[PDB]
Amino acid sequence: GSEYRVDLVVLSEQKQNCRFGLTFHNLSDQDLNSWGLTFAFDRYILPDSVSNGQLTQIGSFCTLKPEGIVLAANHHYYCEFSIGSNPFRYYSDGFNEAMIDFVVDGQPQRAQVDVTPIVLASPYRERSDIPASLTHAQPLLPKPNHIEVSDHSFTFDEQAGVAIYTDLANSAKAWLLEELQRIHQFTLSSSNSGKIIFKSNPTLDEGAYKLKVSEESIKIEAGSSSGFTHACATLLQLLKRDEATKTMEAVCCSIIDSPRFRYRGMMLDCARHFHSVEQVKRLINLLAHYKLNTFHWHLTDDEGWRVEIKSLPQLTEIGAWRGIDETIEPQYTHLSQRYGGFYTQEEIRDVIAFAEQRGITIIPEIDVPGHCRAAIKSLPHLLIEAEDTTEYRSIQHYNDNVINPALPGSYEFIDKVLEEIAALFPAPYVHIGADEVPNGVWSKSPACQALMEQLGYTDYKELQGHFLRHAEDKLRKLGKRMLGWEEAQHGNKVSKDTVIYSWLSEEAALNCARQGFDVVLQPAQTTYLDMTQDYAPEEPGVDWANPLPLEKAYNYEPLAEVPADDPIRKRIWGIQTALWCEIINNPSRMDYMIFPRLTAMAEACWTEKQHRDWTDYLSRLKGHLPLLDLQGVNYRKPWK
């Protein structure tokens, strides 16, 4: 391939102390003058471990520059270094991207470096195996909580017609027709005497529906828009197309259906890598296919700010872009280009309208006071304290990325973001983040030192709560309830109205629910679509929780140990599944990580525990698979 190649090797592993060898090959014919290697690595390289040369790390962005000044043609450079971390189980744990800057007979140059797959020392031997499976006659995902199926069937064609006798169901019906068209080039038209009938039924509670196929008709009953949307999403899975006759076929059957959990979410990280309006919409559409109702928009982080804030235009003019010649350095991938994007308010209004039509509420996340590098680099005049010499390092290996809660500019900033955010997103909810604020922060900040004294705080976590409580008070004045990751509770300053997302595990969900907090369960051990799907080292993904095979994700039972009687269970809003995109930058990888485990997650959100069975779910998945092939969704194939 390239004339420049880097080989990385696990030399040795002693508990939490891994030594690597790095060999850089100048394969070409030229001597390389004053050169330097830059790559993307998500582990923190111990700076005093480096064997040979100068190495710099800013998050994932590393540069290696040799002690010497020339790399001879056909030779190479060698460097060793160590990290604290458990053994690498995956090729993904290696460098994601490498590139070289150099000079040749006097001329600056830049070239892509081939990155050889890391030579692993301790791959896994175990493999998750999925058994051979039948195709299920009704490949429905999530499994309806009641369904009776008859021996016969109702066949119908493009003149069958669609009847609607309540305006609650107008959105569902137009979503149904749209999807029949997009997925199947099957055009239904609306007629007063259609064989598909949307009628109202007020005994059915929110999101419940009834669907009955008979020899004459197909009837959809619900008391809510969302129940009509859910019914339509079952019907799209139920129908079976004959292209030779251009007919649809649905088994005669009776379905009565309702969700186990009110909160059935999916979060998408769009800060680490930007995804297009069309990709985001395409996802939201696929979310309503499985009857989820919440799209949690992670729009802000250290490596990107993706939501336009008219009153703070720097946040996108600067924070939406990173790379060598930008204010923000390259991160994770696209080392050689200017990389980014962002959503305008008009785009966002469009995505909201699109998702409303699908029964999906969108919750924006403005992540503070950690994970703020992009905001801080965009707005240094409001968010930097020049006099702070606290030396800290975050989980992602930044030391300059945390909001200062004693700076009046930090309140200027958040008051302005939240006002526009609140105005923009109709949902009565704003997620404030609050994850992974490093332990050392603010300890040497004069301004924080003075505010710590001024109101008698004894812990610097108390300063974080002070800020989040201000965010909550502003959100409340704007009509929004605040949501937060579990660490928002740190400092015990935020009110019992803050909805706690439990992600490290289910522990905070349990603890916080006992104390009167409403919680959402997003445990990393069972709900993170960025985790690898198998133990084979070729599986893309990360693994800090644990590998998450399909069967693990399916068999997740939320708070499996709180008895169903327990009034703790009244504080569970529901479940969320998340995709963080550190190593995800293209729709093909996205689809692979999300599907199919998302459908196992939608079934935990929706179906009652007593109707959930692994073997049964695999046969419904096997019969759904073709429907994702028709949509060109690049799911990881259970059976390959």
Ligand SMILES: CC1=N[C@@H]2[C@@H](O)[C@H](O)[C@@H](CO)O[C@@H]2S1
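Positions refer to the first chain, counted from 1. For the two forms, the rigid core is made up of the largest set of C-alpha atoms that agree within 1.5 Å on superposition. Compared with the form deposited without this ligand:
- Core-superposed comparison between these two forms: among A545, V104, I324, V251, the single residue whose C-alpha moves by 2 Å or more is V104.
- Once both forms are overlaid on the rigid core, the distance between the two CA positions of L235 between these two forms is under 2 angstroms.
- Core-superposed comparison between these two forms: the C-alpha position of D459 differs by no less than 2 Å.
- With a cut-off of 2 Å and the rigid core superposed, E158 has a Cα displacement that falls short of the cut-off between these two forms.
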The other form holds:
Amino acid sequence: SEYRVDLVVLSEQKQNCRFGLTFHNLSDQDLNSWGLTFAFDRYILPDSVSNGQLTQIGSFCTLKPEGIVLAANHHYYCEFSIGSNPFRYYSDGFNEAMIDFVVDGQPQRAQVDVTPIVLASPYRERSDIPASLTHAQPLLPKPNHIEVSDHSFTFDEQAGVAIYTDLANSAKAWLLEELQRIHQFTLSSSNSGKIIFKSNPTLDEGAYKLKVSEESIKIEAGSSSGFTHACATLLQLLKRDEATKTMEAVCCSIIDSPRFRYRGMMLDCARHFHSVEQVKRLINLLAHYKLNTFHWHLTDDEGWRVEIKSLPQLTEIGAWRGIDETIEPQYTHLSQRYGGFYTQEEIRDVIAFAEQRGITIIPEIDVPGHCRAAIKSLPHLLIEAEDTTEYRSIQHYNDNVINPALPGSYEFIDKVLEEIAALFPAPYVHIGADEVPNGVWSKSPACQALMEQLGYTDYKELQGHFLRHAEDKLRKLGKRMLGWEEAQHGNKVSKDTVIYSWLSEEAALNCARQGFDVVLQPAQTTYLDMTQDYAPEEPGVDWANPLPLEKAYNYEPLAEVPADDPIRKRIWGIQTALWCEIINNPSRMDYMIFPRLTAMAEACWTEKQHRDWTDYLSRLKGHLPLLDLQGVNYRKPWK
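Moving from the form deposited with this ligand bound to the form deposited without this ligand:
Next up is only this chain, free of partner chains and other molecules.
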């Protein structure tokens, strides 16, 4: 390109970084009435900008220069600062840049080459995974009881699969589907088959037995999920022999059951849209590691991804962003129209696909904050034009909070929650309920009136009025409300609202003892957007620290909470999350999720006493070839 932008660290002190920004006109003609636009995921301090006017809306930054012309071969220099500690990674720099300009009274655009940032203080350390042997049974998660014998069962495509209970129907169909998809091994269902599915009603939900004899395999379970898990194990246990068209399983006795009931994964689809094809692909992979819940985060400030038939603007407007759209670009795709949404038909198809693998889908509708896409889609319904309140969200927005005095806000939430409740069969809806920015609604006339009506003195308490409505609406719709961390404080919600705790384990147990059911999703150990290593080339974010494989594996949930403790009745289980601020490609998503998803899965399933880092590594090492057969772009632990 003819245009280039170089960003450099000029100074690093306690909670302050200063940068030099040089823009280079390397074209042969002058730039007239020009402006620099770029994406940057840190809040630039407004007082800091030394030579031009900066506006910032989220990641979308625009720098208007003082001078009206930048001559050919000339340079424009600007300094700015951020409130942060040193950058350790190249992704902390500008993701993208472009210029707007005028040649002969006509508006023009051009992409700018962004030079990688010159870091001052990259990490010197590196996470090193020791050399590992290859475990003969590469099982992830580790079964709680496995006893291996000296012989093996070798079978061809006519071995046959027998089924003596309808509870095993979906598991059986999934096993055959996967053996076809992965290995091209076609097993047929036979009444006299060598692979047997048998009912055993003494076994608990999710539990199974799996015994490989010399000339047969017997799977026992008392639940549909039981049979599904046995089939996930069996997929990992089988070794295909390419010389023949045969499969081999080691003779062994497996008795297994889940440590936790809720074993989930959250995917952020609002930040970047991931196709139906990638969601299905990911959902199937979750079932390989015995997870049972897909938490679909479908809305946020940067996008609305779920078709609401009664409010079609939420997708027609809210699902798209860019320069020529209502919603400004964010993170990536600075110059393109970026977006997409899931149709209700697509969502039904994903739901049906997920239940074939024992996966429940929990939809999330973020309110009253994290609501910019909604608000920008429905301004006549959601904007109070007379509201002058100056506030700032954590993602540095001043216009992203639903107004709880406007009747349109209740028309919005009711219509959305009605269609979500009918579409999603799971008896749970996640409502977001992040704490709103401080002093929000304080200079809203409509809210002043509602405060007087309800007799509240503090404006914070209106979010509890809004959330109580959402909760009661969902109750009438046969749904139980779910919320994030901060929903527990104040009287915001009832004790039937399930809390997804990300602060700490100590805090989650605090929340549990107040009466709430809780899901553990601690940001320090389960956020797969975090970098996997200290090298500055590594993709990801680091705000909650880098999350190397070993750190991920050392997450031992409820380690000091005794086996028979009454508080464990309130722990639903564990969740791991993928936030997608900087994840827009399937390739990059595979990279962040794998191999750490397997460590998370093992924390969810395997009892603490059967967990071991060395043993895990050997099982992961033997599992890597199976991920290659499926073309999963995992991060190689040994490179």
